[PDB]
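S.K.: Listed below are the residues making up each chain.
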Amino acid sequence: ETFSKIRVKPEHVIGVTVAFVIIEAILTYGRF
Amino acid sequence: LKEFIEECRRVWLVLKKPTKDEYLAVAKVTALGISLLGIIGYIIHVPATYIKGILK
Amino acid sequence: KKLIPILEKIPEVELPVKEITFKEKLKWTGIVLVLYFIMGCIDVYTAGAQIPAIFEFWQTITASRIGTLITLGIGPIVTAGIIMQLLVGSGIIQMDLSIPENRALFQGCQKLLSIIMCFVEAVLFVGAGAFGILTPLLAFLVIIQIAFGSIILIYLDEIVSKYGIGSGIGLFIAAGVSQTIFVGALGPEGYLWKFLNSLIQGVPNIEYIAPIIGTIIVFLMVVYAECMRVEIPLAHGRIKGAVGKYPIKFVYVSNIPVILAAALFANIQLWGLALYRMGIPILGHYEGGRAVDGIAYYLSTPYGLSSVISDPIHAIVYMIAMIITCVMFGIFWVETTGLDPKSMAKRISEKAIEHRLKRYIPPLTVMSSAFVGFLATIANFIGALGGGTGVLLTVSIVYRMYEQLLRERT
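Line by line, the protein sequences are chains C, B and A. Using the entry's author numbering, you'd call the opening residue of the first sequence number 21 and step up by one each time. Using the entry's author numbering, you'd call the opening residue of the second sequence number 11 and step up by one each time. The third sequence runs 2 to 349, 362 to 423 under the entry's author numbering.
Worth double-checking, as some hints may not be accurate.
Restraint ranges, calculated between C-beta atoms of paired labels, are given here [as the list claims (entries may be wrong)]:
#1 A:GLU288 / B:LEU25: 54 to 60 Å
#2 B:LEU46 / A:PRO53: 33 to 39 Å
#3 B:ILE15 / A:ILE145: 51 to 57 Å
#4 B:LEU23 / A:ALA243: 55 to 61 Å
#5 B:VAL56 / A:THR136: 32 to 38 Å
#6 B:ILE15 / A:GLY339: 25 to 31 Å
The set of hints was computed from the structure by calculation and includes no laboratory data. From the three backbone atoms N, C-alpha and C, an ideal C-beta is built for every residue, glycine too.
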């Protein structure tokens with residue numbers, strides 16, 4: 021087990037990730 | 011100092027050559043998987059590349 | 002233990018509320034795989050469309066794809082592993098590790114060191130000029146992106162490790178290699194297609210099929226090693242005929258030693274290229290490509306098509322380092338994991366068995382590492398679409414995954 025006092029749900033992680041991909045996809049390939 | 015180099019020879023003699031039957035087993039299971047992963051990574055990479063470049 | 006406050010500070014995926022069906026473990030595995038793949042398709046934001054070729058070495062071990070969201074792939078995590086292993090493993094740090102307290106700290110402290118290395122390697126990466134235009138802002142921006150893509154990979158890793166099949170470090174490495182083999186063979190610039198044309202124009206440019214050959218060779222070879230076993234006799238001296246033999250996998254130490262080393266080596270070249278074009282070229286001197294001088298030189302690996310026969314001195318010294326290193330990490334690994342006699346005992362009166370193991374485990378350890386280390390180098394000498402060390406790790410990664418499908422099949 022671990023000492024971490026904050027547990028996050030798997031879906032959350034997936035989410036964040038998706039956010040990151042979408043935002044970055046925009047940033048870079050937004051130029052038209 | 012040399013007692014080690016000895017025990018090695020011991021286990022080195024307990025080396026059971028692979029049953030061609032088993033070899034093909036692991037050979038087909040691994041190769042099959044690499045394709046699974048590979049095919050997937052291709053289905054994504056190729057089209058995304060096509061695009062990034064067509065738009066660029 | 003004086004880090005416990007910090008450990009509590011770091012987030013950590015929730016263990017599954019209840020058991021999860023293999024069906025799900027897959028779907029979970031699948032998603033992280035697909036996310037990983039998509040992440041390698043997005044470049045980092047850099048107003049300036051440019052990058053000085055690529056450090057043809059950092060990617061394979063790292064499951065990375067430089068110039069993108071996953072430019073540091075798994076580097077951070079592994080590099081972190083290298084450290085924790087050296088420190089604890091040798092003795093520079095005492096830890097029973099059979100008692101939770103220890104593991105908790107160990108495990109969690111690696112998890113922290115990895116999150117750290119994300120920026121460390123991100124800084125190091127940008128410094129080494131993987132990008133070029135060091136405009137303090139854009140530079141900070143990239144480091145940030147780079148670092149964060151890896152932090153994600155650390156967490157996705159955890160997801161597989163709790164809701165999926167195998168591990169993240171594993172998935173990613175394999176996934177990267179596998180994709181590479183396939184795109185570089187059957188992609189639109191596919192060697193395999195190129196070769197064919199030449200087999201229709203009577204001018205076969207071997208250089209188009211050679212690498213695919215290597216892949217095939219290295220493959221078969223690595224599979225073989227994955228089939229080697231040791232048959233422990235069981236001639237219960239009771240009655241005549243009450244004999245048997247319990248075969249066990251030969252690569253007792255497993256293939257972990259290959260990543261750990263290959264990783265350490267790769268790191269050494271990054272840090273070196275960094276300290277070089279910064280100040281003191283300590284670890285070596287690099288030029289239009291990489292280091293052609295220094296320890297960094299003597300830890301590089303020439304391949305990606307065929308067998309280079311220009312400087313065999315480099316090869317013999319490299320192979321020496323590879324083998325010893327593999328063994329070093331091999332030992333430590335066996336110690337820190339639970340493959341040591343001391344522990345094995347409990348599982349399998363005590364010293365009876367324990368002392369007997371102490372008779373054979375050690376030599377299997379060194380023999381295994383050494384073996385794979387050799388196998389690694391020869392794989393690299395041959396060169397192959399994928400990496401050799403890559404195809405190496407992959408073959409085994411894939412397999413161990415399959416096994417876990419069986420023990421999870423029940």
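S.K.: Confirm or reject each hint.
M.R.: Consistency of the hints with the structure:
For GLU288 (chain A) paired with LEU25 (chain B), a C-beta distance near 45 Å fails the hint of 54 to 60 Å. Taking 33 to 39 Å as the suggested C-beta distance range, the pair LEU46 (chain B) and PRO53 (chain A) conforms, at roughly 35 Å. Checking the proposed 51 to 57 Å range against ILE15 (chain B) and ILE145 (chain A) shows it holds: the Cβ atoms sit about 52 Å from each other. Restraint check, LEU23 (chain B) to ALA243 (chain A): a C-beta distance of roughly 23 Å breaks the suggested window 55 to 61 Å.
Between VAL56 (chain B) and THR136 (chain A) the C-beta distance comes to about 33 Å, which sits within the given range of 32 to 38 Å. Roughly 26 Å separates the CB atoms of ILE15 (chain B) and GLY339 (chain A), a value that falls within the hinted 25 to 31 Å.
In summary, the numbered hints that this structure violates are 1, 4.
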